[PDB]
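Q: In case you want the letters, here they are:
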Amino acid sequence: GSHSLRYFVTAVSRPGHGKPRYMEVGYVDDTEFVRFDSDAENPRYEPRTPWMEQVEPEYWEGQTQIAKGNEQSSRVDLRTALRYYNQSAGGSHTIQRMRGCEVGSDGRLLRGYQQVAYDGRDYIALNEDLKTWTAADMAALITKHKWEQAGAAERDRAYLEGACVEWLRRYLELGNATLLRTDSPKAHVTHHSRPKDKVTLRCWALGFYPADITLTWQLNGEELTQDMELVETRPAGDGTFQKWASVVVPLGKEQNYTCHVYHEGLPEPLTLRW
Amino acid sequence: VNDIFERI
Amino acid sequence: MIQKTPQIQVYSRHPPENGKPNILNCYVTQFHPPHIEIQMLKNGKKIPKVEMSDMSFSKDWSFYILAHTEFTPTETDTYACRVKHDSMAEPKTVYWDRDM
Numbered sequence: 001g002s003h004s005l006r007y008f009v010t011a012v013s014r015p016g017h018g019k020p021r022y023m024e025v026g027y028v029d030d031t032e033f034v035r036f037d038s039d040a041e042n043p044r045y046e047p048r049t050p051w052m053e054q055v056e057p058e059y060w061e062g063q064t065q066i067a068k069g070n071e072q073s074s075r076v077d078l079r080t081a082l083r084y085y086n087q088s089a090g091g092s093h094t095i096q097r098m099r100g101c102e103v104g105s106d107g108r109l110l111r112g113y114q115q116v117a118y119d120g121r122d123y124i125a126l127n128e129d130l131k132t133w134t135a136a137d138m139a140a141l142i143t144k145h146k147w148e149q150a151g152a153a154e155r156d157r158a159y160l161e162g163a164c165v166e167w168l169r170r171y172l173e174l175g176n177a178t179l180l181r182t183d184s185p186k187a188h189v190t191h192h193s194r195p196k197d198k199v200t201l202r203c204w205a206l207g208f209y210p211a212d213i214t215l216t217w218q219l220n221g222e223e224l225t226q227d228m229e230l231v232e233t234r235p236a237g238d239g240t241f242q243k244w245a246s247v248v249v250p251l252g253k254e255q256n257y258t259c260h261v262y263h264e265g266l267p268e269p270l271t272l273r274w
Numbered sequence: 275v276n277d278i279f280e281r282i
Numbered sequence: 283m284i285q286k287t288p289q290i291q292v293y294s295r296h297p298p299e300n301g302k303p304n305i306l307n308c309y310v311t312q313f314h315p316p317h318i319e320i321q322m323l324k325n326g327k328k329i330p331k332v333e334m335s336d337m338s339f340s341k342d343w344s345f346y347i348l349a350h351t352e353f354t355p356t357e358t359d360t361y362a363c364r365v366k367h368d369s370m371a372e373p374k375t376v377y378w379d380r381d382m
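For the protein sequence lines, the chains are A, B and C, in the order given.
The opening residue of the first sequence carries number 1 in our numbering; numbering runs sequentially from there.
The opening residue of the second sequence carries number 275 in our numbering; numbering runs sequentially from there.
The opening residue of the third sequence carries number 283 in our numbering; numbering runs sequentially from there.
Mixed in with the good hints there might be a few duds.
Calculated pairs, EDC-like style, for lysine to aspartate or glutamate (alpha carbon to alpha carbon, straight line, at most 20 Å) [what the hints assert, rightly or not]:
1. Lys253(A) / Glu222(A)
2. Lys374(C) / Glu102(A)
3. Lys19(A) / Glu71(A)
4. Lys131(A) / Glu280(B)
5. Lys366(C) / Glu299(C)
6. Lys131(A) / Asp277(B)
7. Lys146(A) / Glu280(B)
8. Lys366(C) / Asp336(C)
9. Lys324(C) / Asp368(C)
10. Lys196(A) / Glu232(A)
11. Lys186(A) / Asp277(B)
12. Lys186(A) / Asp368(C)
13. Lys286(C) / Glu71(A)
14. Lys286(C) / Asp119(A)
15. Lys331(C) / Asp238(A)
16. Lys196(A) / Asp277(B)
17. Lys198(A) / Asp381(C)
18. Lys68(A) / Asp336(C)
19. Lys341(C) / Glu102(A)
20. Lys341(C) / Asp379(C)
21. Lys341(C) / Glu222(A)
22. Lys68(A) / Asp277(B)
23. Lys286(C) / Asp212(A)
24. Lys186(A) / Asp381(C)
25. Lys302(C) / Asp359(C)
26. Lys328(C) / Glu352(C)
27. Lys328(C) / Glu232(A)
28. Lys341(C) / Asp227(A)
29. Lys144(A) / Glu166(A)
30. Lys253(A) / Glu280(B)
31. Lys19(A) / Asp336(C)
32. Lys286(C) / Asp379(C)
33. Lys286(C) / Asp368(C)
34. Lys302(C) / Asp238(A)
35. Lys302(C) / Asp368(C)
Interface residues of chain C toward chain A, partial, derived using beta-carbon atoms under 7 Å [claimed, not checked]:
36. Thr287
37. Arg295
38. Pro303
39. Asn307
40. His314
Honestly, the hints are just simulated from the structure, not real lab data.
The beta-carbon is built from N, C-alpha and C at its ideal position, and this holds for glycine as well.
Modelling step: build the complete structure from the supplied sequences, incorporating the hints.
A: In structure tokens:
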């Protein structure tokens with residue numbers, strides 16, 4: 001498996017009173033490990049897993065610094081945004097950013113990226129080529145020309161191939177004995193009566209890490225989706241995940257339906273039958 | 275580690 | 283400004299068995315803007331000690347929050363989760379149902 005280091009950042013202009021809040025969250029392989037949060041009095045980056053607490057005192061000094069920088073720019077970006085879109089003056093708005101790296105297990109960069117969204121929608125995104133931008137709309141074109149003029153693209157490209165890789169690799173080593181673990185899902189099928197002589201079979205997957213999984217119901221013919229409800233993968237809140245997938249069957253015909261669970265923490269894929 | 279973000 | 287309506291799942295960390303200490307989660311996802319109000323109920327009363335995650339969002343830009351609180355299920359206790367968001371004209375409740 002490849003791995004990622006991603007930062008997800010949010011700026012929210014509060015209506016009348018308040019100033020913008022600002023939040024900076026970073027994730028190694030989709031596990032949170034550092035957070036920064038504007039509302040605190042003691043606004044500081046902080047460890048979010050046990051293995052980041054082991055880190056050189058001045059790591060934080062450094063990261064906190066950058067956060068205040070970015071915080072300040074956010075305030076300004078929000079005001080800029082407002083003027084690009086000619087928006088009514090009184091409302092609550094949002095700027096969000098994501099950037100990070102996925103690198104293979106051989107240690108080479110796979111994809112680097114950085115995207116901004118305004119009020120929940122795509123604004124601008126660095127292209128996979130790491131040197132051209134994609135504007136989502138006419139306001140973002142203003143920024144794109146700014147960033148083209150400011151050589152922004154080169155600075156991000158340098159960080160993505162530079163600091164992020166180096167640090168990704170370095171965070172893995174730190175919490176190496178946890179982010180690499182693999183818990184396999186425990187599955188069962190439940191049964192439920194239904195109006196008209198219909199039956200909900202529901203296929204459960206519990207206790208798995210990492211989150212990625214595939215639950216499918218096959219009517220002995222491999223393919224099945226028509227009338228097949230499944231929920232988004234959800235955290236059980238102990239480090240593991242949960243998911244289920246249900247299907248409705250004519251009463252009497254339960255045995256014809258098999259559930260299949262694919263997950264990387266399994267010797268081999270489970271099949272289940274009521 | 276995170277970096278500085280360009281202003282939009 | 284486009285709003286996205288929160289999606290709500292109420293569910294327990296382990297498969298419920300009456301009388302059995304356990305944990306209750308109320309997972310709220312896919313909303314925007316980020317301001318939101320969440321409460322967990324037990325027979326129509328905020329459960330006092332509810333732990334809540336901080337504002338965070340997904341690769342599609344949409345916000346999530348997980349709330350959870352320790353509970354212990356029984357024949358005669360219902361558990362809900364109530365959520366208030368701008369995208370909804372009314373607060374929305376979701377009851378914990380052991381089969382979901």
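Q: Give a verdict on every hint.
A: Against the structure, the hints come out as follows:
With a C-alpha separation of about 16 Å, the suggested pair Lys253(A) and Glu222(A) falls inside the 20 Å cut-off, and the hint holds. The suggested pairing of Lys374(C) with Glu102(A) is violated, with an alpha-carbon distance near 38 Å, which exceeds 20 Å. Annotation: proposed proximity of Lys19(A) to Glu71(A) holds, straight-line Cα distance about 11 Å (limit 20 Å). The hinted pair formed by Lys131(A) and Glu280(B) meets the criterion: a straight-line CA distance of about 15 Å does not exceed 20 Å.
Taking the CA atoms of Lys366(C) and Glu299(C), the gap is about 30 Å. The hint is violated against a cut of 20 Å. Pair hint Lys131(A) plus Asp277(B) holds up; C-alpha atoms about 17 Å apart against a cutoff of 20 Å. A distance of roughly 9 Å separates the Cα atoms of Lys146(A) and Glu280(B); the hinted pair therefore holds under the 20 Å criterion. Straight-line distance between C-alpha atoms of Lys366(C) and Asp336(C) comes to about 16 Å, which keeps the hinted pair within the 20 Å bound.
Under the criterion of a C-alpha separation no larger than 20 Å, the hint pairing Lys324(C) with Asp368(C) is inconsistent with the structure, at around 24 Å. For the hint linking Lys196(A) to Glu232(A), the alpha-carbon distance of about 28 Å lies beyond 20 Å, and the restraint is violated. Taking the CA atoms of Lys186(A) and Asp277(B), the gap is about 40 Å. The hint is violated against a cut of 20 Å. About 38 Å separates the Cα atoms of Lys186(A) and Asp368(C), which puts this hinted pair outside 20 Å; it is violated.
Restraint check for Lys286(C) and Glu71(A): not satisfied, since their Cα atoms lie roughly 25 Å apart, outside the 20 Å limit. For the proposed pair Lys286(C) and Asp119(A), the alpha carbon gap of about 11 Å is at most 20 Å, so the pair holds. A C-alpha spacing of about 18 Å is found between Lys331(C) and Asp238(A), which places the hinted pair at or below 20 Å, so the restraint holds. A C-alpha spacing of about 60 Å is found between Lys196(A) and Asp277(B), which places the hinted pair above 20 Å, so the restraint is violated.
The hinted pair formed by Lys198(A) and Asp381(C) meets the criterion: a straight-line CA distance of about 16 Å does not exceed 20 Å. Between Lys68(A) and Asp336(C) the CA atoms are separated by roughly 19 Å; this keeps the pair inside 20 Å, and the hint holds. For a cut-off of 20 Å, the pair hint linking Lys341(C) to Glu102(A) stands: about 14 Å separates their Cα positions. Between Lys341(C) and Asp379(C) the alpha-carbon distance is near 29 Å, which puts this suggested pair outside the 20 Å criterion.
With a CA separation close to 31 Å, the supplied pair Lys341(C) and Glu222(A) exceeds the 20 Å bound. At most 20 Å may separate the alpha-carbon atoms for a hinted pair to count; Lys68(A) and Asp277(B) meet this at roughly 11 Å. Our distance criterion of 20 Å between C-alpha atoms is broken by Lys286(C) and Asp212(A), whose separation comes to about 24 Å. Using a Cα cut-off of 20 Å, the hinted pair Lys186(A) and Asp381(C) holds, with the two alpha carbons roughly 16 Å apart.
Taking the CA atoms of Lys302(C) and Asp359(C), the gap is near 13 Å; set against the 20 Å cutoff, the hint holds. Between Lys328(C) and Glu352(C), the direct Cα distance comes to roughly 13 Å. Compliance with the 20 Å bound is thereby established for this hinted pair. For the given pair, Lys328(C) sits about 26 Å from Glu232(A) by alpha-carbon distance, which is inconsistent with the 20 Å threshold. Proposed proximity of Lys341(C) and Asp227(A) is contradicted: the alpha carbons are some 27 Å apart, above 20 Å.
For the hint pairing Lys144(A) with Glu166(A), the CA-to-CA distance comes to about 28 Å; that exceeds 20 Å, so the pair is violated. For a cut-off of 20 Å, the pair hint linking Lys253(A) to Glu280(B) is broken: about 60 Å separates their Cα positions. About 18 Å separates the Cα atoms of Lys19(A) and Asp336(C), which keeps this hinted pair within 20 Å; it holds. Of the pairs offered as hints, the one joining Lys286(C) and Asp379(C) is violated, with about 25 Å between alpha carbons and a cut-off of 20 Å exceeded.
With a C-alpha separation of about 9 Å, the suggested pairing of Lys286(C) with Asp368(C) holds against the 20 Å cut-off. Among the hinted pairs, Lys302(C) with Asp238(A) is consistent with the structure: their alpha-carbon atoms are about 17 Å apart, no more than 20 Å. For the hint linking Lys302(C) to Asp368(C), the alpha-carbon distance of about 37 Å lies beyond 20 Å, and the restraint is violated. Violation of the interface hint for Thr287(C) is found here, the shortest Cβ-Cβ separation to chain A being roughly 12 Å, above the 7 Å cut-off.
For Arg295(C), the interface hint holds, the least distance from its beta-carbon to any beta-carbon of chain A being 4 Å, beneath 7 Å. Here the hint on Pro303(C) is broken, as its CB sits about 14 Å from the closest CB of chain A, past 7 Å. At about 5 Å, the closest approach between the beta carbon of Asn307(C) and any beta carbon in chain A falls short of 7 Å, and the interface hint on this residue holds. For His314(C), the suggested interface contact is upheld, since its CB lies about 4 Å from the closest CB of chain A, less than 7 Å.
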